[PDB]
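Colleague: Here the structure of chain A is known, so what remains is to put chain Y with the ligands in place on it, guided by the hints.
Protein chains: 2
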Amino acid sequence: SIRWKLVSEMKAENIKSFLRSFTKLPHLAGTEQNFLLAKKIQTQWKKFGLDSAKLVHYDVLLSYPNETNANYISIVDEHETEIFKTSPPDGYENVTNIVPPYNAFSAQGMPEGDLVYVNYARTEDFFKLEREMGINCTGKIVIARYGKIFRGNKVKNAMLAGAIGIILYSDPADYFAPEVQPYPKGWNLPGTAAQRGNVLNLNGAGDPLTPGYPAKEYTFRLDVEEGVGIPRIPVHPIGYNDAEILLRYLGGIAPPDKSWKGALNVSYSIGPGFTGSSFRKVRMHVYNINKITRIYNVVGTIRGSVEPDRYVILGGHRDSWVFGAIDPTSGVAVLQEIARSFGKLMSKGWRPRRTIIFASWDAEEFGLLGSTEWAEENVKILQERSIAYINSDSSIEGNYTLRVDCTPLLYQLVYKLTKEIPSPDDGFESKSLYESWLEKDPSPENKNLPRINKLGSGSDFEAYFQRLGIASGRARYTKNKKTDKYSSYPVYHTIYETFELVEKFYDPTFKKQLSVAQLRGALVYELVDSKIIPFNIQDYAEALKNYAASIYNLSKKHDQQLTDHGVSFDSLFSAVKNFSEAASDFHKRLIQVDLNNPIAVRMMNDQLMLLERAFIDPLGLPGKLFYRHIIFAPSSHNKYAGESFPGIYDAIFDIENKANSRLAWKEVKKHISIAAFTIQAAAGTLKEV
Amino acid sequence: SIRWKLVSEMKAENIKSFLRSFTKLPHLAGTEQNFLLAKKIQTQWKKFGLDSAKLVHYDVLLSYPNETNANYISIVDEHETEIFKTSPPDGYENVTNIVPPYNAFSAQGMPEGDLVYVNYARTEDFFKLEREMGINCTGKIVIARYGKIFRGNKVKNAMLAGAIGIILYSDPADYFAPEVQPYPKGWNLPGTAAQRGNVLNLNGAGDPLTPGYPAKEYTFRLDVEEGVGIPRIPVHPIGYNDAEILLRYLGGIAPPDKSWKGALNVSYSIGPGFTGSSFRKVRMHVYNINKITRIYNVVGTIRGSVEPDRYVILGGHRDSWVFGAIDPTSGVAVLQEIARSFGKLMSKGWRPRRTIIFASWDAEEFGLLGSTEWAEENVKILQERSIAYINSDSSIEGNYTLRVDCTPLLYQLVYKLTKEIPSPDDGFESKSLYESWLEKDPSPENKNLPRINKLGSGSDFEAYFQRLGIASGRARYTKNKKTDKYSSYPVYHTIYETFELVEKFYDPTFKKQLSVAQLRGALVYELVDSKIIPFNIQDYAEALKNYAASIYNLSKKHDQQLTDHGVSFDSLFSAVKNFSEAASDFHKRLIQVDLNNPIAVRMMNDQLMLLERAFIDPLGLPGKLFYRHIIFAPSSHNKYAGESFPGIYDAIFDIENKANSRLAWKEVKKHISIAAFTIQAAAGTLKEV
Ligand SMILES: *[C@@H]1O[C@H](CO)[C@@H](O[C@@H]2O[C@H](CO)[C@@H](O)[C@H](O)[C@H]2NC(C)=O)[C@H](O)[C@H]1NC(C)=O
Ligand SMILES: *[C@@H]1O[C@H](CO)[C@@H](O[C@@H]2O[C@H](CO)[C@@H](O)[C@H](O)[C@H]2NC(C)=O)[C@H](O)[C@H]1NC(C)=O
Ligand SMILES: *[C@@H]1O[C@H](CO)[C@@H](O)[C@H](O)[C@H]1NC(C)=O
Ligand SMILES: *[C@@H]1O[C@H](CO)[C@@H](O)[C@H](O)[C@H]1NC(C)=O
Ligand SMILES: *[C@@H]1O[C@H](CO)[C@@H](O)[C@H](O)[C@H]1NC(C)=O
Ligand SMILES: *[C@@H]1O[C@H](CO)[C@@H](O)[C@H](O)[C@H]1NC(C)=O
Ligand SMILES: *[C@H]1O[C@H](CO)[C@@H](O)[C@H](O)[C@H]1NC(C)=O
Ligand SMILES: *[C@H]1O[C@H](CO)[C@@H](O)[C@H](O)[C@H]1NC(C)=O
Ligand SMILES: [Ca+2]
Ligand SMILES: [Ca+2]
Ligand SMILES: [Cl-]
Ligand SMILES: [Cl-]
Ligand SMILES: [Zn+2]
Ligand SMILES: [Zn+2]
Ligand SMILES: [Zn+2]
Ligand SMILES: [Zn+2]
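These protein sequence lines are chains A and Y, in that order.
Just so we're aligned: the first sequence equals residues 46 to 132, 137 to 326, 328 to 739 in full-length UniProt numbering.
Just so we're aligned: the second sequence equals residues 46 to 132, 137 to 326, 328 to 739 in full-length UniProt numbering.
Incorrect hints may have been included.
Intra- or inter-copy, both count: the list cannot distinguish identical chains.
Under the rule of at most 25 Å between Cα atoms (straight-line distance), these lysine-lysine pairs were calculated in the PhoX-like manner [as the list claims (entries may be wrong)]:
no.	residue 1	residue 2
1	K720	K265
2	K638	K716
3	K341	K720
4	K394	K85
5	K265	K716
6	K56	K92
7	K607	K466
8	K606	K720
9	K554	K50
10	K265	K595
11	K554	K398
12	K490	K99
13	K627	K720
14	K50	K561
15	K99	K737
Quick caveat, the hints were computed from the structure, so don't treat them as lab data.
Extracted from the complex, chain A is given alone in its bound form:
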């Protein structure tokens, strides 16, 4: 078949050569090297035979360290004397433009104060410090370990607590894998390395200065002081050797339980302040600059021969913090190999039914900026014509098995294609990827099917799925979560994401990265070429039954209040019931369609394409204009995680502590009512008359 030719044409050795070619130098967004990489990708796409490959630019707010006012953290004594102050991988000694560690969009400042350790700086950590312990963060400098929630939420949480700065660091408890050596001898995080990353709280907005509209040359911009999601205290990241020095002499209360204690050789006392030392106060000095900077997406097409006005988007970012060998360059290499293989199909006369859009996004590391501004530019065509979005970010975050996150519309297609891709796993040489994946990660809901996760947030699919309602999917290799308990991967967002890391320690044969390229490519092919779009709406109906039961279960602890405030989930369950009926009836009709009647086929394809759109509410969620998906929009507590019925969940979260209960419960009623309506409206789009 054509799909087998697409998949079998891709080669591990090609992914390896692409990765090596794109990881020799840093390619930070907004810098010359990442523009040069765009031009190289565009030349390659033209060579592969794509119909177009253009650079599309935007001018967006980025953030960089000041090369002549370096950031640092220090400890001073009571006489203001500096007692301690903070200060390339082998083979890259000659590389001159590695950005030092920083947290993009930090406020500027030189705050000084007593230090308080805040664990993960989650909402519950601050609740505990303030409510239980009676500790006052006003005004203190807090130190938090990375993990559990997106780093921007840690900063927002610290701001809410009156902290005047926040230090972030990587605890070996969370980022150091047991019995593996630190880079370069193994793949673990060294004590000298800090994790870069932006600290905006954008909630899907894109460029901070132009929420809702693409950042073109003429475009109105907010004043920088009003930029969406920009924090108002300094934030800076350090490695664990430096963190150990800061934590060592914290006094005050002992860590409250083992869940506060990391792995360094220190007490994990909370503070505030020091005991047993010259160590008296902590200072931060952070002076990164925000500047409007041009960024460049590469956007290419293969136009459909039958439905050129219907799109499947294969999009991945290419900007990195340093070399980004895993994040994102492993996905950049995969995207090139996919485009090469579609070009080989074209060379023998194939053209797809619908149009494929290839996209290499810029400035993802600064808040999904390139992918979001292109969605904002092209919203009117994208919302009326897009079948799906398949991401192409990191392909290789571990080497145990496949992970897939996607809308329930795509579950059946994912299971179908993974059965036709050879497994790359040792011991599965005559078996498919489906078989190895089912063995290694069975679904809790059905032991006979592999696990597929919800799509949440934190990579370029976000605006397409959570704002525009375009069915989306991602797939990558990952770690074994039952045994591997560290966050992300050890060298995430550090200078040590190198080609050598990936080749030596992750996937020496490149077979695992090949399997991810084959699946992302086969997903695009089947969505763009199948006469009938390969979605299954009954799988959405079953997902909604699970999510309704879950939010309802969460409400049982408040059962008396539900009764007293006249709160009922009846309408939600009724909508779910009606959706399941409409989806069953829709599939009964769909098998009867006359495949030789183009308008009959196109009307049913429109219903499959527009089903995800029905869940988008243009009013958004409370305080979040750009999160519109009523089933799947984000975790308010961790942007990386997806949350179901977010309007209901946010309304009921910590409700027992809301000042005004009558008001709080009416908000729960509001969001229940919205979810019921939206699911009923979605069911209505499936009806025949």
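Modeller: Frame of chain A, contents of chain Y with the ligands only:
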């Protein structure tokens, strides 16, 4: 042709019999008689052969007088003694349930104070009273004449001024036609009759308690105190005999110029207070009740044989204040005759290409409630599938010539169809409606084409056009505006809108109402049956060039400020230029389409259908979530009137008096930027690749 059979089948005598049958008794929304009328319409549609005809209900906030606490206005002396107090057409003496005059959704109260005459209670009238004259309305009762702006805006304006009540009345200057007798001898307004009407400021929201979502049984409702657009002072309407008594002894400043002086035999002095009288203070007593009440739309279909998933909506309200012989029942009768004529086509085996939706809306007089709640329910299917909406409200507001208001997409179709409909005008017996209309109302932009107006607001097309972006149109007979200078028509919204009025004084032969039914029906037929949707996008391009020039001209008075604040219209003109190019290229391609290739035809039809949608911004306009059309959304000063580039216009209005100029001009820049983007995005939907 089929269109000629549709048009020639309609009969004046049938419209007359329908009108007489629907105007014997009052049919106020929410009352038994208007439910009975729904059932009669539904029985008729089934008899005519429609595929379906169903009642669709919602439970919405309505407002009625308290039958046991009657409203009134009084004058008292300084001893609190009542000196004056306010208190059926021939042949209707036995009709028992005529609602007395009131303004629906008025606050309740018994305010007492000095009286101030405020002309039309426009923003500029209050500016003059307060800024120029130094008059303080705090706290006064104001009296305003109806006209110039929607009555709800008069009330909002008075509230802003600190007034504690507002009396509305019909001045003969505005509602009494020269040399015609008062009903029953002629068609003029008697001094005893008051104009009913709601006084909400909904800005497109629909039911006040459920903005954004249909008002079903389970639906979350705002507390009534928080109902959208509900005014916070009492409001009540009186006839001019009563107004004369209230105005007569006003003292204080003389009317400032003739534009403040109406036609009664009084001075039109402003007050505050009385001079020359027992007349000391004015009191209002208003105790209407707001109550959630069930309303019923009748919704019927004729399903398409080729594109059943594409819709053309013919919708008109049927609820009236009393008999509503003009408003809306003349349109109710027209809608029935149209449905009858489509049923006759069906009887000979015809079926339309696309689906026609017929709708008889309820509670239009209470804020467009039935049509808006059905749009809110069905938004997901309507926005993805609707070709157009044709209204069917009053057909006969005068007897001089045709008036058409529609999107520029429909201009060419309107001109084409009116050439094939016989003129009903005396002296035009062998001529078409186009010819009589061109002679009587030529367009200012092109003397060789008849005038077509912008669609604004104030009838059931509003949510479809201004929220959802569905191309809309309306047509009716009207007065000669160069000679007839009165507002609306004299007996508008009074008890004197009777069948006898229409038959004796407006259209005895029913030929004018017939011509309106033929045009509304022919519009539906051509939109639903033509293989290629009959829109012209180059007419939209020319309209945008006119609107860009107009808003720019308006800015010239502020030219120095534009320069000082770096405000430019360059991007707007550039977007308009690009749209005109894209529309020209689109039509060049459209004439080449292979009419025998269904997918080629369907892709171009999708572009014609979705063009109006491109102008809808889900973020809305400032303070108005439900006005989304960036070119055509409303006048903030008069909901009946449409305003172009409303975001730019509202931003620049009264700007010289804004407290903060730097902030005010940035808002102008914002709205210019949004308009430029939106027109460019719309152009992008027309592009081939
Ligand atoms: C699910 O569909 C059912 C059937 O159409 C709806 O049930 C109606 O519910 C209302 C109360 O909300 C009752 O007045 C009707 O009697 C019900 N009809 C039947 C046949 O049971 C139900 O409302 C729909 N659910 C939602 C959320 O719209
Ligand atoms: C109208 O289309 C033109 C042509 O594509 C756009 O012109 C570009 O404008 C930007 C400045 O905004 C310049 O950087 C480019 O050099 C222009 N190109 C050309 C060929 O003139 C214009 O931006 C579009 N208008 C809008 C509002 O999008
Ligand atoms: C970088 O820091 C130096 C030293 O404070 C300062 O003078 C310079 O202006 C900074 N650069 C920018 C863009 O702020
Ligand atoms: C890769 O797989 C090998 C072989 O099982 C294992 O020893 C190693 O820890 C894995 N590497 C990573 C980064 O997980
Ligand atoms: C009507 O007014 C009477 C007299 O004030 C009052 O008692 C009654 O409750 C009112 N009806 C309603 C629904 O308020
Ligand atoms: C209707 O037309 C007649 C004949 O021209 C005219 O005398 C009369 O004023 C018109 N009626 C109305 C209500 O305008
Ligand atoms: C800590 O919190 C309280 C209440 O927020 C605040 O009044 C106080 O100023 C804070 N502490 C200090 C030391 O200022
Ligand atoms: C009229 O306006 C001023 C300013 O709004 C207000 O202070 C005053 O109270 C008002 N007049 C009266 C009589 O209260
Ligand atoms: Ca933007
Ligand atoms: Ca509503
Ligand atoms: Cl990915
Ligand atoms: Cl109308
Ligand atoms: Zn990434
Ligand atoms: Zn990253
Ligand atoms: Zn009307
Ligand atoms: Zn009316």
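Colleague: Now tell me if each hint is right for this structure.
Modeller: Hint check results:
| no. | hint | in the structure |
| --- | --- | --- |
| 1 | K720 / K265 | between (37 Å within a copy, 13 Å between copies) |
| 2 | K638 / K716 | neither (40 Å within a copy, 55 Å between copies) |
| 3 | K341 / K720 | between (41 Å within a copy, 21 Å between copies) |
| 4 | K394 / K85 | within (19 Å within a copy, 66 Å between copies) |
| 5 | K265 / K716 | between (42 Å within a copy, 17 Å between copies) |
| 6 | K56 / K92 | within (18 Å within a copy, 69 Å between copies) |
| 7 | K607 / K466 | neither (40 Å within a copy, 67 Å between copies) |
| 8 | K606 / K720 | within (18 Å within a copy, 47 Å between copies) |
| 9 | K554 / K50 | neither (30 Å within a copy, 80 Å between copies) |
| 10 | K265 / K595 | between (43 Å within a copy, 22 Å between copies) |
| 11 | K554 / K398 | neither (37 Å within a copy, 79 Å between copies) |
| 12 | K490 / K99 | neither (41 Å within a copy, 54 Å between copies) |
| 13 | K627 / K720 | within (20 Å within a copy, 45 Å between copies) |
| 14 | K50 / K561 | within (17 Å within a copy, 71 Å between copies) |
| 15 | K99 / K737 | between (41 Å within a copy, 16 Å between copies) |
In this structure, the earlier hints numbered 2, 7, 9, 11, 12 are contradicted, and the remaining ones agree with it.
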